[PDB]
Amino acid sequence: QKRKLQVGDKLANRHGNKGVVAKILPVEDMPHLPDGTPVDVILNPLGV
Amino acid sequence: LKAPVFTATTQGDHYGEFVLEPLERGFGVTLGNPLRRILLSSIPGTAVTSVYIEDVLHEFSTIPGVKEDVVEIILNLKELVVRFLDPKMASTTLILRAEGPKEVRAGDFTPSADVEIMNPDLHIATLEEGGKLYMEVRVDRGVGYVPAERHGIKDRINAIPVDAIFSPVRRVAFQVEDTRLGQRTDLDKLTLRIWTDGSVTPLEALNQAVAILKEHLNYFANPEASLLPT
Amino acid sequence: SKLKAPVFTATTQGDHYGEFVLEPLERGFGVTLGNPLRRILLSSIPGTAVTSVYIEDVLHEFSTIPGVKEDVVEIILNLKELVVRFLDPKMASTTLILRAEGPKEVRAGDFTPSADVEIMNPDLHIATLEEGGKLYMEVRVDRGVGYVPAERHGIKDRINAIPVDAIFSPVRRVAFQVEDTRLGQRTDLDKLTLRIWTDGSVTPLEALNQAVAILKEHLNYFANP
Amino acid sequence: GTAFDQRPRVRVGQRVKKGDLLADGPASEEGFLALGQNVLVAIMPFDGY
Amino acid sequence: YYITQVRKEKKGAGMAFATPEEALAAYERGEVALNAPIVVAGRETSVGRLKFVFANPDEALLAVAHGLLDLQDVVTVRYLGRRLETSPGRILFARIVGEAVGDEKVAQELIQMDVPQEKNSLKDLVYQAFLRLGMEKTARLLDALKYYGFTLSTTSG
Amino acid sequence: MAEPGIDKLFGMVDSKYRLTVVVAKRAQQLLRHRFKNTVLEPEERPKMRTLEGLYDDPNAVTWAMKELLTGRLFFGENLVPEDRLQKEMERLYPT
Amino acid sequence: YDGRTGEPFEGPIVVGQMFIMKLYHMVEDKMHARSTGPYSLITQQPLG
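Protein chains in written order, with our numbering: chain A, 80 to 127; chain B, 62 to 291; chain C, 209 to 433; chain D, 342 to 390; chain E, 40 to 196; chain F, 422 to 516; chain G, 774 to 821.
For the record, the hints were derived by calculation from the structure and aren't laboratory data.
Check each hint, because a few of them may be wrong.
Pulled from the structure, derived: some chain C residues nowhere near chain B, Cβ distances all over 12 angstroms [unchecked claim]:
1. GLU231
2. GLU234
3. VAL281
4. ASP296
5. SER301
6. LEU304
7. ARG307
8. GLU313
9. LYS342
10. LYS364
11. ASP365
12. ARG366
13. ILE370
14. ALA383
15. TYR429
16. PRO433
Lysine to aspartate or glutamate pairs mimicking DMTMM-like chemistry, simulated, CA-CA at most 25 angstroms apart [as the list claims (entries may be wrong)]:
17. C:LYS364 <-> E:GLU48
18. D:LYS358 <-> B:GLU190
19. B:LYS250 <-> C:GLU425
Ranges of calculated distance between the beta carbons of each label pair, as one might list FRET restraints [stated by the list, open to error]:
20. C:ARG293 <-> F:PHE496: 51 to 61 angstroms
21. D:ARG350 <-> B:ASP116: 16 to 26 angstroms
22. C:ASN417 <-> B:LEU288: 37 to 47 angstroms
23. G:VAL800 <-> E:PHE169: 46 to 56 angstroms
24. A:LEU84 <-> G:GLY810: 24 to 34 angstroms
25. C:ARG394 <-> D:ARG356: 55 to 65 angstroms
26. E:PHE169 <-> F:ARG439: 40 to 50 angstroms
27. C:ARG394 <-> F:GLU465: 25 to 35 angstroms
28. C:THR219 <-> E:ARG68: 48 to 58 angstroms
29. F:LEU452 <-> B:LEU118: 53 to 63 angstroms
30. B:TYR206 <-> F:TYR438: 46 to 56 angstroms
We put the CB at the ideal spot given by N, CA and C, even for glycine.
With the hints as extra help, turn the sequences into a complete structure.
If you want it as structure tokens, here you go:
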């Protein structure tokens with residue numbers, strides 16, 4: 080099988096920030112820098 | 062309010078700045094966003110829909126004398142961008158007859174009547190002594206992001222369908238600057254940007270785009286159920 | 209692409225406040241339409257409101273007129289809540305005369321019964337005066353665009369007249385929301401519900417129809433030189 | 342069920358590094374442990390998402 | 040919280056008054072030439088209570104709908120019955136609860152009007168709502184607080 | 422926007438669970454006799470919304486709850502015998 | 774900038790590149806729905 084991400088996959092960084100994908104947003108939404116590039120993941124601060 | 066002035070700084074078959082010099086206060090984002098959005102999603106283009114490789118029976122294969130491996134190859138073919146010339150056209154097949162000790166290179170594709178590979182270089186395969194390559198890669202026209210596990214292209218047995226990135230539009234940004242034009246010091250200067258793969262043209266895109274907003278706007282037309290509890 | 213062109217319902221009140229729903233819609237165009245509209249709605253729908261007041265015997269933005277229970281501000285604010293529309297279609301501005309008798313309640317309708325000008329909301333509290341009641345008024349009414357406050361323009365007419373905040377924008381509140389409706393196998397198609405709030409002058413359906421025309425009008429400018 | 346596989350990382354004909362990477366592992370990018378991806382992130386709430 | 044937390048700036052204090060410090064107009068002219076920025080305490084008032092006088096919540100928030108104020112700015116504003124000294128956002132919260140409970144007024148008596156809302160006040164609100172209005176509405180109020188909370192957290196960025 | 426006026430419902434009964442037991446039994450009789458049982462019929466009947474629109478709400482439970490708060494219905498702890506309450510029910514098109 | 778509405782989020786946002794991993798557990802391997810199916814010939818409850 081070839082898998083790809085999905086709503087309910089678990090992503091974590093090496094600092095121990097775990098969490099599940101709850102929403103894949105189309106590029107139209109998503110915060111973007113003035114130059115045009117959008118970001119790739121929106122990580123809530125309250126978990127800090 | 063006067064009339065605004067359309068200034069277009071179109072460079073190549075991709076990248077083009079577009080300006081409207083005096084717009085009413087606030088009207089920058091007003092216009093230059095629904096535009097950016099429609100642009101980022103609904104301008105249609107072209108994508109490699111399915112492949113077929115010589116003595117290859119699935120996605121998780123590996124061709125003798127080919128450094129690459131079918132996944133890495135498929136991943137590369139993904140990035141190929143084809144131009145369509147004939148608007149009668151809907152889909153065709155590029156043919157990769159490739160041989161021996163050489164470095165395959167996308168331009169190496171067979172030349173086709175009304176077809177234009179806009180990204181020569183771009184690695185397809187490294188071939189080493191012996192390596193034979195024969196491929197047949199489909200290219201359909203479509204809109205948006207429609208992936209393999211959805212559409213599945215049945216071009217024959219052991220074909221493999223590939224995920225499709227259809228949008229020609231590459232990046233879109235818009236700058237709402239302060240213009241100097243003999244009214245207030247409170248007027249916007251919308252300069253839309255846009256980026257492509259030489260298939261659709263920044264303006265061509267920008268046009269197609271407003272047309273969409275114009276039609277969707279045209280929907281607020283025939284009011285239905287009213288007569289609320291008063 | 210599949211599917212079909214959408215349905216536009218509009219459950220309406222009848223003067224102020226309208227609901228509007230453009231139902232089944234491609235994944236995104238809820239905001240792609242609703243947002244720009246909202247903007248224009250609260251910002252470009254041409255209107256008409258009070259702009260400058262002179263009242264006889266003493267000036268300043270903060271004061272108390274003897275014989276009048278209220279104070280200059282509560283008058284000035286009450287004023288702002290006054291709706292009026294222009295009949296003669298090339299009218300640019302007017303002035304309103306108010307003659308206030310003895311012990312009485314002064315409504316908006318106790319103004320000058322001059323035509324070319326119908327007072328939309330004549331049952332307004334304006335001000336109240338006790339016994340020996342002298343209040344004379346001269347308020348400028350003006351055609352404008354958005355919300356242009358007293359600090360910027362500084363409307364001169366006399367020297368004892370004080371300029372007011374100008375709320376010329378018949379829409380006084382706009383709010384929209386974009387939930388998602390099922391359509392066969394598809395559960396995630398957008399459903400846009402716009403909710404307008406106006407005064408007397410302009411109906412919401414009117415507001416919206418004006419607003420759609422405006423953005424439609426602007427998109428045009430994008431045509432090669 | 343992980344699916345571990347090796348990928349070549351050398352050119353047909355070149356002098357070799359007494360023992361430098363000949364071929365990559367499964368979580369390996371150029372002989373540097375690659376256990377995931379790097380990506381652009383925003384640190385803010387979205388809409389309860 | 041952020042939506043009901045009245046900004047409090049520092050530059051200025053040689054200002055406000057019972058009896059008008061210089062002129063009410065001249066005081067309002069202080070903020071103009073840098074000198075004494077808006078919502079800053081002096082005596083009986085702030086400049087932000089004079090530069091803005093809104094006749095209806097609508098006016099106030101439409102004022103925030105363009106560049107004018109910030110929501111957590113402190114402004115003279117007549118809500119319901121009375122000139123209030125409050126903030127646009129304090130006003131907003133007030134409506135939110137009122138407007139999503141079917142009685143703008145009964146909210147105004149359940150709410151803690153001039154204070155930031157947080158974990159306890161809101162709990163109290165929810166509870167004390169539960170009391171004079173049954174589940175039915177408390178749930179509505181619940182979802183309403185849920186919506187803004189979220190969307191307001193984002194936009195505040 | 423939870424349940425059709427649920428707070429007004431609890432008020433009718435002496436114990437929470439009564440409302441639960443009645444709403445059950447009423448839906449139970451409602452279910453058997455193809456809705457030809459209604460006490461609210463006219464234009465009070467609960468409805469759905471589709472790709473068409475306005476089709477009768479299939480949930481019997483829903484019906485009982487709306488039917489119950491019109492007062493029309495009468496529930497009791499022990500008046501009317503069951504063995505004779507079962508047969509007499511087949512009066513206007515039964516199961 | 775909010776992609777949804779051309780406006781910004783008032784107050785700047787910290788943004789950058791972050792290493793994140795996709796983990797062992799996937800929604801693909803979790804999650805089932807049963808209505809009726811093979812009941813056991815030993816216990817007589819649903820399994821198998």
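Each hint, compared with the structure:
no. : hint                                      : result
1   : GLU231                                    : 9 angstroms, violated
2   : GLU234                                    : 8 angstroms, violated
3   : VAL281                                    : 28 angstroms, holds
4   : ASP296                                    : 23 angstroms, holds
5   : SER301                                    : 19 angstroms, holds
6   : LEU304                                    : 28 angstroms, holds
7   : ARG307                                    : 37 angstroms, holds
8   : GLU313                                    : 29 angstroms, holds
9   : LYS342                                    : 41 angstroms, holds
10  : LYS364                                    : 19 angstroms, holds
11  : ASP365                                    : 23 angstroms, holds
12  : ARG366                                    : 26 angstroms, holds
13  : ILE370                                    : 24 angstroms, holds
14  : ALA383                                    : 17 angstroms, holds
15  : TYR429                                    : 5 angstroms, violated
16  : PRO433                                    : 6 angstroms, violated
17  : C:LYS364 <-> E:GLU48                      : 33 angstroms, violated
18  : D:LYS358 <-> B:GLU190                     : 23 angstroms, holds
19  : B:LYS250 <-> C:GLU425                     : 17 angstroms, holds
20  : C:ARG293 <-> F:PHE496: 51 to 61 angstroms : 59 angstroms, holds
21  : D:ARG350 <-> B:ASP116: 16 to 26 angstroms : 25 angstroms, holds
22  : C:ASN417 <-> B:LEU288: 37 to 47 angstroms : 19 angstroms, violated
23  : G:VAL800 <-> E:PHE169: 46 to 56 angstroms : 37 angstroms, violated
24  : A:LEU84 <-> G:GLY810: 24 to 34 angstroms  : 31 angstroms, holds
25  : C:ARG394 <-> D:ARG356: 55 to 65 angstroms : 59 angstroms, holds
26  : E:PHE169 <-> F:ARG439: 40 to 50 angstroms : 22 angstroms, violated
27  : C:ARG394 <-> F:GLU465: 25 to 35 angstroms : 34 angstroms, holds
28  : C:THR219 <-> E:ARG68: 48 to 58 angstroms  : 49 angstroms, holds
29  : F:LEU452 <-> B:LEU118: 53 to 63 angstroms : 57 angstroms, holds
30  : B:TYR206 <-> F:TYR438: 46 to 56 angstroms : 53 angstroms, holds
Going through the hint list in order, the structure does not satisfy hints 1, 2, 15, 16, 17, 22, 23, 26.
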